[PDB]
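2 protein chains.
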Amino acid sequence: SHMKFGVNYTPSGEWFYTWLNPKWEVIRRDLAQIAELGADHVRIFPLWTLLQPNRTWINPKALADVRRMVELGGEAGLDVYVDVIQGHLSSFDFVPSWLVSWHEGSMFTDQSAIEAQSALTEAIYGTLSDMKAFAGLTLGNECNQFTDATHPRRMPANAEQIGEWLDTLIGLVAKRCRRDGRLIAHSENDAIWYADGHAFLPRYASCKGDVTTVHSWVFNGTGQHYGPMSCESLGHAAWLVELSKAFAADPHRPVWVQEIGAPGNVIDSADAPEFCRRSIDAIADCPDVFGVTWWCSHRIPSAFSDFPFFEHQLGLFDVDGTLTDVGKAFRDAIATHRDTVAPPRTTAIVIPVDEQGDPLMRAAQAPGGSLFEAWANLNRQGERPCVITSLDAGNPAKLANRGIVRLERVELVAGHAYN
Amino acid sequence: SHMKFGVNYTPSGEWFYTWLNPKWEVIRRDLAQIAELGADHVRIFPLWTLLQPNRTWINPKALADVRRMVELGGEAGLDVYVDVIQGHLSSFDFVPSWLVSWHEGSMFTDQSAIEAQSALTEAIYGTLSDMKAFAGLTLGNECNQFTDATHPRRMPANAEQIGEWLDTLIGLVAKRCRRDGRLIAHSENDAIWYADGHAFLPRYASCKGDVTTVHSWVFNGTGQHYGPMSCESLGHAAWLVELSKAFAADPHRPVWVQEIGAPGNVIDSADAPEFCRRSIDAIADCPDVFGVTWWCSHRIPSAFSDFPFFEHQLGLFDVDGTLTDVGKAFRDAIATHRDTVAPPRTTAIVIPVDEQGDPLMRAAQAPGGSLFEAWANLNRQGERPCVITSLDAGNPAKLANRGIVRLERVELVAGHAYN
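Chains as they are written, first to last, in the authors' numbering: chain B, -1 to 298, 299J, 300 to 306, 307B, 308 to 366, 367A, 368 to 417; chain A, -1 to 417.
Bear in mind the hints are in silico, worked out from the structure with no lab data behind them. A couple of the hints might just be wrong.
BS3-like cross-link-like pairs, simulated, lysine-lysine; straight-line CA separation at most 25 Å [claimed, not checked]:
#1 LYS2/A with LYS206/A
#2 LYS2/B with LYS59/B
#3 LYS130/A with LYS396/A
#4 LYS206/A with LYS59/B
#5 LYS396/A with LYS206/A
#6 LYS21/B with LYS59/A
#7 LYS59/A with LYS59/B
#8 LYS206/B with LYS2/B
#9 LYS21/B with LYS396/A
#10 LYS173/B with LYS206/B
#11 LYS130/A with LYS59/A
#12 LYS173/B with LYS130/B
I would like the entire structure built from these sequences, with the hints used as guidance.
In structure tokens:
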């Protein structure tokens, strides 16, 4: 049992631009710094444009560099999780030329592009499969952002095509992962939980892949609307954990807080260490948390432009390599919650869903919405709420398997704070 | 003095994907093969995504790799011309993440992007400036394709903004180039000659930069409409040379046929050698030709996908490294025209222009148009025609400088063969 603690690895000095010519001695020291925090894993991010520059040619040097980074993670004493398709990082898209402009197409529906992503997933798994430190794969960081209606070069897809895309790519490696002792997962930004009409559905995160991933960012309106150090803000990661369980078929499926950070566009730097400590305290009171992975390890140097300004400050280590106050808070939180075990949560707020298990109104569970607030209010009062669907609530076996004793209900009211 | 002969260098084995991890021993063999043809220069193509992955960071390893390729070109005895911004190659766009989707913007009008392109031009010149083999720079291969309405992710610009973009980037290095003995130029696809409404204007090619560049591709409708081995097709490159002079302020400005190939989508493979020989015969009969640079050196291996099929066959050397029949024709053509001197051309076709020197109807000088056909007819009849504008035609001083004796005028009729 017990929560894993790790960091999302942003290479010091050159960020992901380092993949062009990695400085292995610097990367080695980067990973040793992360291990010194007490972290047990890292999550790493190769670039799709370098991995697969042609639809039918994967660059062996790019694969070998991924293997070397994994090897250095293991030498630091870390398990290493690899995100296959980036794809999207920190406001930037990295899309190979064969899926751009004259060759524009949707990664979700174009069959020849799906076969290329399948080959890349297998090539990454196969490259790394003999490494004791290779712990698992995620399809890619927040790939759903490409199909969101807000994306300025949207890759179209309906919900059925998204389900098929997930099934195709996860299905390539799920059995190997199972036989080998590794994990396969996928990752969406919080539009999956919050955005009505979004083609990625909550049950996809909570049922497909081995563990649910959530990425908790209180710049999504939670910090602005309620306050950066409000209960709604501090408990937002714990809220995603419990919300996501409502949509899981398996009553003890682990939930991975795969990203959480203290974004400086809503949280004052003076409050960021307390935000970290208290957010992790709230996560640690939720059962079945797979782990907590902070965003991110090393600050982006100021010589790089066009990042939203707060992205530069998210690193636990400053640009000179020293441990920031948030880094100290995360190190302290790892030690605090080493052997803590959260007790069962038995009072559930109920989410009305349709016959397929999808919310009647995702806006009601978004920031500002009635279900979001009912959970935050119950949490502020010490009730330690969990979340179930109306379908689960009419199933005495599922209530029994989760130990649910009290049901709390609220009408559906859309929030308007979300983004 | 005499025409230069060179090759557009496409790296064997990995194409421009070799820039990720260049195999220097193969690149040396490639360049030695080009020299063995009798070529005296190559044109090379670094990738913008690798050179400048952040708006304010140019990758020093990518600069060092360009320098090494120039160094190997000289060691083979070749002068090396470098295209700064690719940008566009063989149906693919290579645009850095900081100019796409969430960061979408126009390289032609966004000031911060223009300053980045300025920094990249200075960085390439300065990296290469101490090298005996570095012979000059072109801003980039056919950059105008980004601003044409045909482009699916168009970068907007009006004609004045395009002129300012050319002036800004050429102005950075024009003086150094003259002091150092190198050249600076820019390159457009044939929309500049042929497409009404296009924001690149003919006089920009013929007046800005040290030499006019033309890229001659008879799949632009010429080969389809008149026949691949017609006089219209075989004379197309000479036509672009002479057409371009009409718009030059300097009556002896050199014209560089910076690309010509024998595209297999309109020219039968068995005819490509005679197409090469006779196209170059026609170029060699035009005065003031700077040089002829064949597209391209080495065929694209068939393991790479999504190229138009004919692109694979354009190389002078096959994928196994052996010299193709077209390669033999080009080698033979270099020896044939080593010492050729074209006599002056004195019979001129007249292009109607407005007071700024821009054509009244570019469609009339495109394939199928009256001015296009009037030139081809005179050329087929052995009249060796040149081209002037209507402004020049009413100025006996300009007629004197070019030695024009006979004028032929024709009514404007638009072609419809052009793409």
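Quick rundown of the hints versus the structure:
Among the hinted pairs, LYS2/A with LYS206/A is consistent with the structure: their alpha-carbon atoms are about 21 Å apart, no more than 25 Å. Annotation: proposed proximity of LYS2/B to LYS59/B is violated, straight-line Cα distance about 31 Å (limit 25 Å). A threshold of 25 Å between alpha carbons decides the hint, and for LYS130/A with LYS396/A the separation of about 38 Å lies outside it, so the pair is violated. For the hint pairing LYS206/A with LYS59/B, the CA-to-CA distance comes to about 41 Å; that exceeds 25 Å, so the pair is violated.
Between the alpha carbons of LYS396/A and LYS206/A the distance comes to roughly 19 Å, so the proposed pair stays at or under 25 Å and holds. A threshold of 25 Å between alpha carbons decides the hint, and for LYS21/B with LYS59/A the separation of about 11 Å falls inside it, so the pair holds. A C-alpha spacing of about 15 Å is found between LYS59/A and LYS59/B, which places the hinted pair at or below 25 Å, so the restraint holds. Of the pairs offered as hints, the one joining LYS206/B and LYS2/B holds, with about 21 Å between alpha carbons and a cut-off of 25 Å not exceeded.
Proximity of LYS21/B to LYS396/A is assessed by CA-CA distance (about 61 Å); at most 25 Å being required, the pair is judged violated. For a cut-off of 25 Å, the pair hint linking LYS173/B to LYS206/B stands: about 13 Å separates their Cα positions. At most 25 Å may separate the alpha-carbon atoms for a hinted pair to count; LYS130/A and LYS59/A meet this at roughly 21 Å. Our distance criterion of 25 Å between C-alpha atoms is met by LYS173/B and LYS130/B, whose separation comes to about 18 Å.
Checked against the numbered hints above, the structure violates hints 2, 3, 4 and 9; every other hint is satisfied.
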